[PDB]
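Participant: Each chain, written out:
Protein chains: 4
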Amino acid sequence: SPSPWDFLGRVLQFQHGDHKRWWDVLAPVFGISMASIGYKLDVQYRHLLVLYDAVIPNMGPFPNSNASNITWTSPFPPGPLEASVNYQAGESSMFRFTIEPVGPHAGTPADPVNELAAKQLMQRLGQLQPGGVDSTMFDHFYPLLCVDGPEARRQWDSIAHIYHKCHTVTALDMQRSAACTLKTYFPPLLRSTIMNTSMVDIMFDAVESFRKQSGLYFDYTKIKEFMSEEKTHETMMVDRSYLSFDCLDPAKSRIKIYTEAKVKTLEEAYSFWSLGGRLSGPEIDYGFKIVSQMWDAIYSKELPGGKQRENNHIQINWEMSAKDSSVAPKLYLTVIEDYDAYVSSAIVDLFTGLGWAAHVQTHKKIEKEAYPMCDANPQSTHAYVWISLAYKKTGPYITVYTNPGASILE
Amino acid sequence: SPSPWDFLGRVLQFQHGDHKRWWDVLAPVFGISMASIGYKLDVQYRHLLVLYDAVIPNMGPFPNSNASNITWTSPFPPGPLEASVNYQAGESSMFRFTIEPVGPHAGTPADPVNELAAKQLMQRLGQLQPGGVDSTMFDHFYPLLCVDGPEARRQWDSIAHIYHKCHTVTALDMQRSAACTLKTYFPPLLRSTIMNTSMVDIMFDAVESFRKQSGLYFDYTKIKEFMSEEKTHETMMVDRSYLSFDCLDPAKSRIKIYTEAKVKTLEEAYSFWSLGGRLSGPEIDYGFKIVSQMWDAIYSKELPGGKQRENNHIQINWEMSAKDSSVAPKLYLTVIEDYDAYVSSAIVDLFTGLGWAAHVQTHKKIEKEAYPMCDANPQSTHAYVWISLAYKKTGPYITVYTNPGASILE
Amino acid sequence: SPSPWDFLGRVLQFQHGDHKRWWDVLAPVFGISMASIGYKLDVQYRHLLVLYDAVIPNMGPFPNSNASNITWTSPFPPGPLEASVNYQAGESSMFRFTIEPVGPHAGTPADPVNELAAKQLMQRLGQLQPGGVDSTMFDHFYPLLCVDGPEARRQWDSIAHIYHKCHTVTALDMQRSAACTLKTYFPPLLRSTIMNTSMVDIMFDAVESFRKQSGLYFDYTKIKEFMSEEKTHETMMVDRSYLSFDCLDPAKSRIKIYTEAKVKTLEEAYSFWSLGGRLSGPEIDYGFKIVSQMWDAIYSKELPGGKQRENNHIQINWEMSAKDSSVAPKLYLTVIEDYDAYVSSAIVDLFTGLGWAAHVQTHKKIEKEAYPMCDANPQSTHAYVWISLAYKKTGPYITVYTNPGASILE
Amino acid sequence: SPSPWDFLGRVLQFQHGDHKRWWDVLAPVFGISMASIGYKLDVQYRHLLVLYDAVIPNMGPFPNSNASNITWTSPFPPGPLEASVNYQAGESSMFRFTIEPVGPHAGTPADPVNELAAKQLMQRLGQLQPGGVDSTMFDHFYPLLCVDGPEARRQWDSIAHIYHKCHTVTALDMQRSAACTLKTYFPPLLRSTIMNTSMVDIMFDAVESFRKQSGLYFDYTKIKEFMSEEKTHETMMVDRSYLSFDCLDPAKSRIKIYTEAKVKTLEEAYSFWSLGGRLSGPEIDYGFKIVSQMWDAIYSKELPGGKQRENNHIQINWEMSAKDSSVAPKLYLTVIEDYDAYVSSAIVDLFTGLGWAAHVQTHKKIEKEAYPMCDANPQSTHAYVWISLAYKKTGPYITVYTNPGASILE
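Protein chains in written order, with the entry's author numbering: chain A, 23 to 432; chain D, 23 to 432; chain C, 23 to 432; chain B, 23 to 432.
No lab work stands behind these hints: they were computed from the structure. Please note: incorrect hints may appear among the correct ones.
Here are the simulated SDA-like pairs of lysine to any residue, each with C-alpha atoms no more than 20 Å apart in a straight line [to be verified]: (1) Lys274(D) to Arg176(A); (2) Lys234(B) to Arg176(C); (3) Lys62(D) to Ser199(B); (4) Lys62(C) to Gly60(A); (5) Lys62(C) to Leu63(A); (6) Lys205(D) to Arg175(A); (7) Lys62(B) to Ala200(D); (8) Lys234(A) to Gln177(D); (9) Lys62(C) to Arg198(A); (10) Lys274(C) to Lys345(C); (11) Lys62(B) to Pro24(D); (12) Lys62(A) to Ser199(C); (13) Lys62(D) to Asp28(B); (14) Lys234(D) to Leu63(A); (15) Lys234(B) to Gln177(C).
One-sided and incomplete, this derived list gives chain A residues near chain C with beta-carbon spacing under 8 Å [claimed, not checked]: (16) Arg32; (17) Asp75; (18) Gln149.
Using N, Cα and C, we set each Cβ at its ideal position, and we do this for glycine too.
Given only the sequences and the hints, what does the whole structure look like? Please build it.
Facilitator: In structure tokens form, the structure reads like this:
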């Protein structure tokens, strides 16, 4: 038995070489993750073909060793920003991967703000499954949060200082049902920098615009209050925020506010998780229990080269539902610098404390098969990128975000 | 000796089959026109490769016999709206061809307003020649005259009644110097229909916006005055107008106002050519002499099936320069219904009256080689589409606009 | 749920347009046959991708309406000579399809005897599954039965009169286990015509060569005796014969002798089935019972246009095993001219007489889904091509050979 | 002005990535050589497109740094064995490049003797120019000198010890007239090793077979006599010989015998050049004058690393005409180990002694533009590979054979 990625790399014809290389790098990772999760073979085939047609052509050039060909500058390494494997208790794991759609010539004068890649990707996703990509929220939030090509090109003197000119990021939720639902992120840093406004008063103003235009109830009050305070900006890198929404029926879609932060103690972490105490209840408590566990399990150890932790880098997503007024957080703990060995051990011990034997097995399976550099290289710091904790009435919701192109950093 | 189109169709690899079919149909036409003009062989190769990479992928599906696959509705037949061969006295002929960039899925829910094709085409043209496609005017006139995908998708109830939802048209001026300069048309029918404004007060308001933003002097006063009158709207189909501009340095670029018209006598034709008398001088006179000659030479004859001329369909371009206040007209006489034999004979007799022996030879050469249905079928009404008369201090400027996909209508 | 053929035609990139058209035509047929048989979804994907990579590029040009582009002349219409669905009692149905591998330029001076297509196909099949295509028998029978390109090109004056210059035919047995085992046919008509020998004394001499070179026991004596008689040549078209062998381990492979025939009564049919009585036993009897049933069930009816049966066209395969001395026949009844309605009704009544309810359901399913012209057009004579009867100790073995490109003949 | 290789790499679509990489590596070299020679632009385009369609797909995988993917073993580095630029006095320079056509899977069980690549290449060359590739001599010498796939696969125990299993090598003579005439080499090492015969008695026996079959007079007597002696085998590596012939009209084609040799003094060199004195006249004298000049100009110097010359490696081609009995030699001096600086200086001083100013300029132009490692790296030993001296009644005929993939060895 050949596995779908091998057989497909053998038979498939690729428009470009960089697509072939991105395939050789990721398709193993994605396919092994999907197969260890428990996907059916035809779903592996469908999602790998989606990746081959829709995604890979909208990843950008492949990094040669000196990364000379990569003209679309970014602080993150090229490729999918992450590939995620969800872990709940009772509900089945799901594979995801978010990608900043980069065009083949983005960063160059021909496509200096990469306007088409995300739209080409949305188009391919809609064509491979008609009626699966609803652009009702995309089309409302695009003029408010995102900058078209023309604006960014005539408002260039205003943004040419920005390093990462990202304006939209697509997160595809590859489902066990072969349905690849999309999820678009809009970082308004470009738009705010052009209009000289703030991320808060633009993100949330657009959210309220969509509220009144739809009648859907997206209560952003808690989040605006918190993110508008002083001691939050004290640590918050508000310029690394973005608004996320599911490209679905706005009634059944969700909106999420995201921001980064460099905290030093669990009190600031609870500040972000809780929105300054404005969010409480049993779920906040039971969630921060696990956040604290993983905090003092991961950030309690040595970094490579014997360096010291200046601070703890975190990220946070607050999800607001359409029919409710609830806001639910999701805290990222960044481990780009940690030992993949230490991160994996922490994840495993957490899962065991939760009683998740099946999930530790799945985790180590994906680890050894898709990410061989954790077992081969005892000082690897490339596979794991973030770990995300969220708590729902179902129970915990942990989410290990790995780098699929970790084979490129080794 | 194989000629470039044959050899290229033999060696070239095409992404899609429709590209191969469009090649088989057009590349003969374009290459024969370029070769009869007097292009060099390498320029033929360069322009045919431009067509193969930039253009053909942004033409749309190829019409099967029932035209079942063509989802992007249009009153014109699919393919390039026209392929033009210029004819002056002293300056060398030039090949052109304007195309409404259609995506492979335009008209379908995945790309219901065809937003990407023109941008993809502009991108390819800029990448094949960096710094040859200046988007200074494109980026200013895009929000004013053209509708992005999102707007058109949420403002759909306002435009879903329109048959031709064209919003941008690219005219590539393939030059003897291998340089393929672009030229973008913006028909604001979508934008005006959404904003419930008029083509006049939107086109010219955008022109004045660009004036004040640039300092370049585009005197639109004559054209606004005329096109705002009553007896002009009496005949004018103002909903078939568009603003044209060369995607170049705005200093060296030109802006052109276009409108259609169904006139019955040469007095209305002089109304449009002259802007109600506001334009005069030796050039207007010497130009309308030739317009009258060709009028009573072409519209003086029988239509196929023995039908009668309800009226004479014309189009008109008024060009406004950046450094001057001059406006120069260019009158189209539509011959979509006439006998290609009669149209060719009229063109030939005109050229002979002008003393253009070389040009009648070139014309008949292109006719017999690229358009064999004029000699084979004595009742052909498909090759020729329009003839355009303009008069400059150089002399006359006649321009025969043929349909390259005339092989598809036979 | 999109079915594999639709989704694959949506995502897959095709080297050539003719591959896209062959896909649109066959992949529905093949996929519907495989799905009605009961194949798993991933096996459908694997086999359709095999068809897309290995087979389709080695089918030849796609027939336009006038079939102008088809330079490789053949009495059969272009495309797969047949697509077969096996029907046994107890063992699961299997899909097959034999194709004369035609190159993209076969019949033209560049590839006037189509030498590469079959080898390219064998190569692709071996690369998509290493060690699945054993060329031990192919490499022994190639010089004996088949003509290389050079020989056929210098021995051209000797064969240029032949209409069908076929020299090798590949029958792929797409298995429910995703394994696509090959099966090569060698019609020695070219070789015999060059060497001025007879099909009998070349086919069987090569078989004996392989016997002595291998030690495997392929008893051809019965078949040589019969096919060398006089009254068999009376009806036999010995020039339509070929030697078949499974490209596998010669120990586990089988060899088959094939010949056509135009008989008029069941006595000549029993002559061919029995090898002039030399083959007998319970199986021959029980097999000719069914041959007679289907004979007087199909050839007992009207042809289109009210024409009369000059004679009954049949074909016959005698399989010889490696470890045994048994020879087992397989009689084809050609129905290219009959009513697809009559043929389907006969097949259904036969299956019912055998008690094969599941198989009549599968048959009508494949009929209505893959071959809609049998239900739409009540006078269709294109879907069905042959029906093949063989009898093994398992029971009967009927095999309905349909034309997949029947959509092209309607 | 973009030059053809840049523009073509920008617009062209490549089936495979390795084709793109081979393009990036060679097309600069080939195009710069053709442009420095003085080719027209359209001829550059034609030949680069020939390379893109016919050749590049039949070069094999592209060498990654560890050359892990290269399964077709060879003592030479992958890519074109050489790219040649001819230099005469009076006749215009010509570009050539010989390539061992390697399939994408050659060396692996799927194509273990690489039988198709050369045939695919011949087919493409014949299709891009019908009637330009005459296979009259190819089809006669193929069974005699070359081993089909089947023979080599069943006669594997006899050849599996050979390192380089080359059996046919195509040398394309890209002409200023855009005509790419082919030239096929047959090294009978495989055939001789299978039939346990000698290269002499097989090559020359096949030549005599073609003589009697054609009536063309290819007098091989001198060459058979010499190559059959004892003191020639003393130095000759007869296992590195091959028979060459132009794939043209056998009347106008030429046959050439090739052999390698490791000589130590100019007396053995004159032995090979002269066929043991059997060849004489003014031309032999005037040719060996130049051979001696270049011998003591190149082999008179230091090797890298301060190593010593065990012996001088040479190669020799004796051309036999169809209508005459003349045999004309062509002596290769191998400089794979020498300093590209020393080799270039020797070539330049030779040309100057001949009065070839234009040619030294062309040579240094090709050097600095196509082979930058001779000027950048003062210890480069990769660009130049061989230098070939032949003398015709026109005058000298020197031929500098460079490695185009020298960019891969740096």
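Participant: So which hints don't hold here, by number, going up?
Facilitator: When the structure is compared with the hints, only number 14 turns out to be violated.
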